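Each chain you see keeps its place in the complex, though not every chain is here.
The letters A and B name the chains in turn, as written, and every chain counts its residues from 1.
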Amino acid sequence: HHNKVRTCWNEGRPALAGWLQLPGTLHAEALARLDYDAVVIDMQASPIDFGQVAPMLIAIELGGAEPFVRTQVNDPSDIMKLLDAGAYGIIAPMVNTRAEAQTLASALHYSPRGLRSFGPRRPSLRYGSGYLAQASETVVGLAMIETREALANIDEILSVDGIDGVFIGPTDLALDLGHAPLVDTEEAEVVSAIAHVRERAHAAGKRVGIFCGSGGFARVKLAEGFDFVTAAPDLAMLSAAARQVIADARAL
Amino acid sequence: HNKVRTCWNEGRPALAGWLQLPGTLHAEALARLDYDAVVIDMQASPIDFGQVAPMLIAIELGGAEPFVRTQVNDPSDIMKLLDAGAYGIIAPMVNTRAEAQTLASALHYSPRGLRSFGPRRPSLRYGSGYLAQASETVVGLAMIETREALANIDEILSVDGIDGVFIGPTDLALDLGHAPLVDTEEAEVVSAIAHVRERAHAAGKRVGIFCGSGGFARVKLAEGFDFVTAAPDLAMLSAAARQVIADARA
């Protein structure tokens, strides 16, 4: 009866999260049982549709991590349907303005404050009869910052009451700033924009998260005081692992 | 051409991947690496027929030969996989000459076997001349994973329509009364594995083995195994995630 990520935050500790682009329940449960606080299912940059995400949410919860979803789009109806299938964290892409941040917030919180239509099939099964009274505490909402526009509007985005904070896509932001889409980019202008977003989030009493393609980059983001750090995509980790096995198999 | 048969004909072994996770994205990604084949495991996995069919397509597009380790040595299951574009079959728990004949029966059209004719996907790959070359398009391996199979190895190896045998050494270790550890050092298990390889090669047949690491696969390739698998997607992903978490958390 607690959001493991919110528990980290209440204890003044960051959360570390997995990131899934591969559909299916077996790896979702296996990674959830590791020392991840949360596992993010990527519904944007992946072939994962609503039918495949539903059982993955169950597998992550059984594994003992907080099931999160990076949605395809910042659409209230998509977000609310995921919340009712038992997503306890939402990362909404392309939140560029305060109004888009307000749209995310609307989807996360019960009417009349939010417009979250009531029908909590899975949350009411997990939280029991105590759910409705603490329902907002059960869910984490992060607005994705991945554009020039979002960067310029960071303070108005952070001003929105009903979001926990923001989530940086460093490669997506590098590309929108006119740089190479390097995994775990350290391009100086992107490094500077990222540091600005983290400063403004902590200045507003809000959380800041970031996507990492490696354990090494995630270690640095944790040291820099990021509150929510993802590492690393299942497909990327599996492809790298297979490449290393083949090289060792084929070595003189 | 069957890329594994191409390896063998050019005098080199095949290195293969091993998938227990369903879906097309990782199957294509791994097939595009320096694997000659990718085995889809329909036994020690939740991969059912519906999920295997597009995975076979993904492996072929990625540039590896699609193989299936079947749930069971059942002719009608095997034939449906061949018609879906499985070009390699690894049949579990082949323990007797009769069971190896059952496998051989599934892999060949009459008069050589009793394979039903309806080659939906192979006929698209090979065209209207498929029948004449059908047997050579597919590689068939009988799994050796029990004391009984070990006792019956020459009788199994005598069956004409199988390419050879594939050692399941974790199951074999367990059946011999040892720890079911992959890549085992247990002297009796190592001896049995070497014995199967020698008997296969003496009978002019191929021998494969399931491996859990690149380092063990390198040794098996050095010992002259024709078909070596390393390592299951779920095992490699789990190990990689554990290492990323250790790096992140310091």
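The rule is simple: a contact is a pair of C-beta atoms (placed from the backbone, for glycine too) under 8 Å apart; a residue touches a chain by one contact, two chains touch by 3 or more.
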Assembly size in copies, with 2 chains present: 6
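The definition used in the following text is that only the chains that are shown with their structure count from here on.
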CA centroid of subunit A to CA centroid of subunit B, Å: 39
Going by the contact rule set out above, which residues of subunit A touch subunit B in the complex? 16, 18, 21-27, 30-31, 34-36, 46-47, 212, 214-216, 218-219, 222, 229, 231-232, 234-235, 237-251
